[PDB]
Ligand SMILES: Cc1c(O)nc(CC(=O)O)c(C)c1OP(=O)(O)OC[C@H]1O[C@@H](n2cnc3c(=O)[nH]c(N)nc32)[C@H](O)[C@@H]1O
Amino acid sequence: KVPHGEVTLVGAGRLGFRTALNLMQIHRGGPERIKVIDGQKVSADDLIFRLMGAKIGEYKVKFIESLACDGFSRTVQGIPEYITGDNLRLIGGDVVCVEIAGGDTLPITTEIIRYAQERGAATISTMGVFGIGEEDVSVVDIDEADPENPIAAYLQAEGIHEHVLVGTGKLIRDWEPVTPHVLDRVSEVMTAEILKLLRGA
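Structure block, one chain, which must be in the form solved without the named molecule:
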């Protein structure tokens, strides 16, 4: 009942930072190592980062890493890089969780899922995270996901299997914006499903 295994978080924006902070606080278990990959820096509009003391201009994943000082008994590594089909070498570990909103990320998300699964990682990603507050956050394997959701339809057409999707099913093309309470709820459910997948071994 000690930390075991490695989780890679691809995306450390408003959702991925929340999931990083949830995973870093797990005790009596959880991952022994967390890798967080994103090449973006803290901007004025990253209020959740700034309220925790991040400075404008800092890489988001360096701010995160800094919360794990010398005596921390799990390792947290911030990798300040944007993932393209050619730096997939940074993808490995036991669970790979991709958290970037929108449809502009789906080709890379699909490349990361394939690369991770062929190295034996379990994979998880989102199916829409928009919403004003009380929207149901649901969890589904890709083969049971609703084909009317364009993210599930695309991953199905790309032949993805054995892949967990989490979210509200509301997308950038729906009316709702992105709100902090919905991202807290998605991050809490993401964290639970990551732990279930880390139990796998």
Contents of the next structure:
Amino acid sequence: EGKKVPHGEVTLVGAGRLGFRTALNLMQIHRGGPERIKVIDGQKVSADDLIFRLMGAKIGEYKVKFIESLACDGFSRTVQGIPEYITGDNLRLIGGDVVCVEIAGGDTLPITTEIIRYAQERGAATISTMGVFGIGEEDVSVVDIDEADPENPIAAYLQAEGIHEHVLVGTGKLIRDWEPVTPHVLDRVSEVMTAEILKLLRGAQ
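So that was the form solved without the named molecule. Now I'd like the form deposited with the named molecule bound, please.
Chain alone follows, minus partners and molecules.
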């Protein structure tokens, strides 16, 4: 009878083991979700990326090309991938209604900060992680930036950098802690990550 639509553009900066799952969740959403999905990440599928290889990605393929490839010629929503790391130099790649940061490799916070500022300057809501380490059970929680635990390293850095109205998700277990990165945890983070993206997407109206 009365039929509803995808709206908005969502950028996912980072498309590794968590970013990929967020992409998958979003691509499967029906009667809503974003109309446009942008995935940005500079890295290739290697042997260790089982989650990609089980879906049939080849070693050597950029993660964002594999993901783009799943939106085959008849697919109704747009997925475009960009196989580049975000730097101070290519912030022109950051725009949309929601921007979601799920990156890892060294210290990611400076470039993240630059991402959240540039994106909120172009009126996008912003979201990212605060620790996705865990062995399986630990809780999945959500918080705004200015209510975040100040001992939490991410929240600390972003609050000191003067960031406001920024949504964070995580177990709160970190690089520092003993816990590794487990798939059930990345699934639950991803499920929650997606839901918070959707709230913020509705906010674009």
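Shifts are known only where both forms have a C-alpha. Just so we're on the same page, rigid core means the largest C-alpha set that superposes within 1.5 Å between forms. Positions refer to the first chain, counted from 1.
Among the candidates 108, 91, 101, 76, the CA atom that moves 2 angstroms or more between the two forms after core superposition belongs to 101 alone. In the rigid-core superposition between the two forms, residue position residue 148 carries a C-alpha shift of 1.1 Å. Summarising the core-aligned comparison between the two forms, the C-alpha atom of residue 52 is found to shift 0.2 Å. Taking the core as fixed, the only part between the two forms where three or more residues in a row have CA shifts of 2 Å or more is 101 to 103.
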